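So this first bit is one chain, no partners, the form deposited without this ligand, shown in structure tokens.
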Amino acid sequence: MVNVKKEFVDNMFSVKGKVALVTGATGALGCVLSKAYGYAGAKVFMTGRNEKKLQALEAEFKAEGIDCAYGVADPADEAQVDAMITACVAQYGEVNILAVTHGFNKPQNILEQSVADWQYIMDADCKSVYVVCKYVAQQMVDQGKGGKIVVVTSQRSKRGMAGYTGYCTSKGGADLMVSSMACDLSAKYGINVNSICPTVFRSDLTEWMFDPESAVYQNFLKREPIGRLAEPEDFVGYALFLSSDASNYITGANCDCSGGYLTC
């Protein structure tokens, strides 16, 4: 008999009954991923800094029968992250999936960007990934059931850009932090750690879309073999795949969500 089971294939993409902790939950990708986990049957614990926006999401999701909760925390603040994970464990008993979607950018040329401004991006966008991953991984180790970590980086983790010495250092570094975390955790504890590297969202560029003096929209479109800019919903499939049994062998990968921008 061929070495594949029907039970495996039918349920491999499931996240049903799993507890998914989503950071940057009020952001463009974070709110979409949080709802997608909910629609897929996971218990959703949303975190971010804006309580009013988290409350609005919790009300919308609960009206559709999604089991969800939220915790306010600055992801770069070690004490707040620890308390937030404790609140998730108190609510749901465990953490099975972590989706890291928070971040920050402020593009500026190196000559005009102070060391403090560069450090601000690194703390908000890079240190915060270490803090959240370290504390959630420790919780997954404590549980002894393995787990899944999905870090949203950027196609900027592999390609530089003018004005991006902060963001590219942060994302370039996070991709390697993910591969090193897989080396630290996957074999011993059954914790898969992967990143997704998306291109830009259409909605991020619509503001200057009608400006003939701007080349930004067309510079991206010339470099998108898929033929269009991304929507957050375009990455829910990859995120859920990397959060399910279907990706049990996959670890330390930096997954291409660029629509071909990285390979053309």
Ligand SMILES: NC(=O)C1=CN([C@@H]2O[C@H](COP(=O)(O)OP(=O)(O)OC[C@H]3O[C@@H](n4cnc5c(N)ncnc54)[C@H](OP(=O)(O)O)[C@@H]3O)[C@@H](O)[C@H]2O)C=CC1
Given for the second form:
Number of protein chains: 4
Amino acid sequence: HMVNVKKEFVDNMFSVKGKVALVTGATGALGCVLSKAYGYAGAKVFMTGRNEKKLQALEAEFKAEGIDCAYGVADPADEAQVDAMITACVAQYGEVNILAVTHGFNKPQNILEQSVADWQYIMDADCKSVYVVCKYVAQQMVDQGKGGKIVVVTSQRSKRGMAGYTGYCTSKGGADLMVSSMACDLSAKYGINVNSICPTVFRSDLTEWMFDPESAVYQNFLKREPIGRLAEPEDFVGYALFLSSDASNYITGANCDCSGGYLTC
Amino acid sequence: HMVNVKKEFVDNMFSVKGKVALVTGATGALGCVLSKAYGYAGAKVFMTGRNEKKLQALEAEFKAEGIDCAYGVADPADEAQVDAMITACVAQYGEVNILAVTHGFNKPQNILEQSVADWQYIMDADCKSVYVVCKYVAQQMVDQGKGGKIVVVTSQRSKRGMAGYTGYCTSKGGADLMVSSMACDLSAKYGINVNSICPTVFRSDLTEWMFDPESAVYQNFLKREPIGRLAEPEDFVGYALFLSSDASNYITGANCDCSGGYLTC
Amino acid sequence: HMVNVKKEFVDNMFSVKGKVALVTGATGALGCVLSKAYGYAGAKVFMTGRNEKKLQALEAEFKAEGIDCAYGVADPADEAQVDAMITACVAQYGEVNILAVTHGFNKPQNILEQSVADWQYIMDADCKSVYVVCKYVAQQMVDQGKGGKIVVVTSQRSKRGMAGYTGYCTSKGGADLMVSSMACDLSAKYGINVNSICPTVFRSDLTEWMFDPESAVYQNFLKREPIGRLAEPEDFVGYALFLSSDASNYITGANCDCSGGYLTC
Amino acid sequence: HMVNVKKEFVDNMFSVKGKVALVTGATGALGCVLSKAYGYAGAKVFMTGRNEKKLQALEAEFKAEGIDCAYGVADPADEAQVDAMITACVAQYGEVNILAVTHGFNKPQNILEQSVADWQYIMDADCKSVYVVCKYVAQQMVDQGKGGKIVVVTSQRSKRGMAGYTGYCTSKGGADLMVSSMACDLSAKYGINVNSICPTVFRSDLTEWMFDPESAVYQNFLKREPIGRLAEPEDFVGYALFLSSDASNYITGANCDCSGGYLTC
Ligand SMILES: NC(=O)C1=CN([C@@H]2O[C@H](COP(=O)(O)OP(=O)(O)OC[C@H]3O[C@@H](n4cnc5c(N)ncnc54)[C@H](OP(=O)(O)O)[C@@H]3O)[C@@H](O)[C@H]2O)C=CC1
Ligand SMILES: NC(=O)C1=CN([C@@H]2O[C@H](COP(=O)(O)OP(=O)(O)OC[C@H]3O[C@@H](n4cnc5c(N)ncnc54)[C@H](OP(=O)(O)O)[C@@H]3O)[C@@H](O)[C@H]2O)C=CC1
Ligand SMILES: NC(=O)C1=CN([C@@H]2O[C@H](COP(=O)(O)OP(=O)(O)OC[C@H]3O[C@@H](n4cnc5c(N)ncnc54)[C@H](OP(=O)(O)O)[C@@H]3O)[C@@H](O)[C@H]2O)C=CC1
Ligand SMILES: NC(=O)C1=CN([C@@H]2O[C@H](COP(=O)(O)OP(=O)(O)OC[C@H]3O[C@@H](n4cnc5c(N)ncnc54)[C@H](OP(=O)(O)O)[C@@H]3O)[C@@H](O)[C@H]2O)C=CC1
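Show the other one: the form solved in complex with this ligand, since we just had the form deposited without this ligand.
Every component of the complex follows; first up is the chain already shown.
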């Protein structure tokens, strides 16, 4: 006759303690914040990116605070580099339990002025690289046989188009569907949950042209933000850790709204 | 030069300890589970519903496990009863910090056989009651001046129609938009976040004609569940507590996917 | 070996000639335009609304141009008035083949200042009335046994919330799901297609405060209009007639985007 | 005081007579049907594809029925071939007014068994080729200065994931967002409307293992089809011609539902 919920489950459901979290784009604005948040929450953090100097600086900062972390240099669009990077993570920590995909690139340009090569450059850096990293990490999680969590950072641009964004919106719109299809491929058979988060823009990225009366960018975002402010990377730490823990075990194939209401107004 | 995320924030972001959580439909399958989960997580729980016998049984069960809880009897569609119930919660705990709306009703019937009165009965019990409870609790949160969290349980039926569901789908589809509009009304000015969760069906609700070969209900849901199983109410505890804590402070006006991939396949 | 498409089908697929089109809210900005467009396209037009003076003026204008039309006075939220109005249409024209639902009401107000009675007033006028008219017309189409077309005018607000719109967004968000559920109830068994159109605002409705520098309404819509201008009612004539003809025979349960890109940017 | 709609507009709004319609994937199941429908509706049809034998057979069939048509051989992923093909269309007809993109490719495979090269093959043939054709045709429409219409055939898979579809769903999900972004780039400044149609599957594509009791494909689609049947290519002729005519002048950046209710149930 007792309610079907366990105190031990509730007390520990948000935990990532002792889990190995592999973070791509770890040197980025969101990547460095998520990497340190996983570390602060007790995960072993394996950071990856192309920028070795920035990875080394993060590793030193984190180790000084007792975070168990390491890094591997790799271009996420290059499958041989990604494969070798996962091998190094596995040699260091024995397994991969959580993957957070945060790397990305954009170069807005109207379709008329944007060459096919320039559109492809965005697709390779932002979309192909998501397939590469997810395929190779999912294979590693399958090989382990313990399930796993994959969190892909897309954008609110995955669901709304924008002038100059034929490259970025195709990549992000595609990645949200890639995520839903990966959940169809992996969740039931292997216990690997695959979800995306769709953020709005960060405040720091709009600071340069913020004081220009000729620019409406900063204003356009605020009229469209029911939350009442632009985001900071720390605003998505809760959602990412939620999607990386037992608390979200039933959640898969979702494209989570991190827009502060931009998507629903 | 340090990464912009604080250890104290990460360690405590999912906390609901010491918060007053008011749960409607507390006697229901999800309501009783969410009410006990808030209690296990250290919130003061104020349970509400029309069924006094069931509320008393939950209060006794919870108190035996050291949960600080109370109840108030009210029909959530009755604004005088809802106002008296919130006053009773305030007399007991001094404030309301979290609201979880879980009550509901359905009676599927084809439009041709469903009277206008029967469609209205579903709208009153399932949609009007959401407006009543959210309005009165939001007013109480405004009066306190400390912000708050509102979590409305809608359904994956808020985004997908179904035969016999002209009542329920209108109510749920409407409640998702009511939530997005409430965030536009309250989040920026008052710090009240308003979100919904959109669950798929519970396993226990399909168990009776599960052994009936003439029924395709049980199988229809499984072909459409990438997660690979039907849900239990405890599968939504993580999402509800996430949306009731500091970890989701930037998240407002969202209609969160709790479908296990039903919405994205 | 011939391509599977018929010239006779292509030549006549957009036709509404000789069909009986029942238009609710016929006295409104969109209603009068749609009613005259059905007439110009050769349909028999039965106009309905509460405003008899305006219905009489439209009937005289249309008859002077050789349009076969008639009217019936009814409050669309009142099932006895709707039932009697359909009987009068059937006595005049023998059947109903197309239904276009265009009536509506809004009174924006923040949830804190909007009474439950005021929210209900919008729900009754804008949502309940859609259920009433669709149920009674669908029953008439079932009784005829020749199928039919139902086009419900909702709003882009059916998918995006807005400050002060807890009444209107609930009603419109609900009506889109009611439409999808009605298609589940009626399309396969009775050949009745049920779709909605989701328009952006009309230019004429924003003309009053257009010259006010303190108002950002007119500007906010234009930043969010990829089409580059606000709409006129005549801009939705094509979509409504398309959804009322053989050209859309496979299309049902859809919530059609008439936003000029507001929904997708 | 007359209603704001013109008889001349209503009578001619669905016309494509005398317009030059360039159809990609013209040899395909939908392409051949759309190409002949444009011809039957009086457009000059320029068919393109890689299969010359099939293009020649369609040209002979169409000319025998008085259709003014021509063809140009090109791989739509090859920008030099696409540029030469558009030049050939211009040499033949002097301009391009309508573009219908219907070519595509799929090879379903689980992410674990699908190489990065195989995923890229689908992206190139199904997504990159859409960018190539739309960019070069949009440039031609800009050069003419008379506006234009672009209709991209995506899939209901642009909004719903599926097992084995990480290639196809990324491509289609991306193309819907590419369409919305192209409307942001072109519609206001150049009068070029850009929309997609999202079809469900064709009956003929499921006929081979339809008699196989071990297969649930045929039944899975029918439980999810409120329209009550699988589609034929001719079922999308109305929507494509609607989106290619004056009747849809305000419609841009839309991803039109051609799913028969699969998307909304
Ligand atoms: N910031 C914002 O306002 C928003 C961002 N997004 C998206 O969210 C993600 C995180 O954003 P944010 O942290 O600000 O991103 P950043 O601009 O800080 O970039 C993240 C990291 O991506 C890597 N990167 C850059 N270019 C490429 C490339 N050509 N190929 C592969 N990797 C590359 C870099 O790491 P390294 O050089 O070490 O490889 C960089 O540090 C990105 O995908 C971004 O597109 C979504 C919504 C809004
Ligand atoms: N269970 C499922 O499979 C799914 C449920 N949902 C929705 O999620 C919510 C929670 O579901 P679940 O816990 O299973 O629901 P229940 O069937 O257990 O009902 C929840 C509570 O609602 C109250 N209630 C019942 N009828 C009415 C009414 N006429 N007016 C007001 N309150 C009423 C009852 O409490 P009391 O008598 O104490 O007032 C009941 O205990 C509901 O809104 C449901 O519609 C969504 C997706 C799937
Ligand atoms: N105009 C716009 O900018 C937009 C409008 N919409 C919606 O599209 C529809 C058509 O818009 P539009 O033509 O401009 O609307 P109108 O403002 O012109 O109203 C349409 C008709 O609805 C009837 N009506 C008014 N109040 C009520 C009520 N309380 N109960 C029942 N019927 C009522 C009136 O007819 P009578 O008095 O004869 O009964 C009126 O002529 C409406 O539902 C509107 O909400 C959607 C997007 C934007
Ligand atoms: N048929 C269905 O059930 C559904 C189809 N779709 C999509 O709608 C579109 C039309 O469908 P349908 O007519 O049945 O498609 P088809 O299978 O008949 O293919 C369309 C044409 O695409 C061309 N094509 C094939 N492979 C490639 C390739 N590698 N690169 C470039 N072009 C290629 C071929 O023309 P050629 O050899 O002359 O170049 C083919 O005739 C496609 O994009 C399809 O993916 C969407 C929903 C369901």
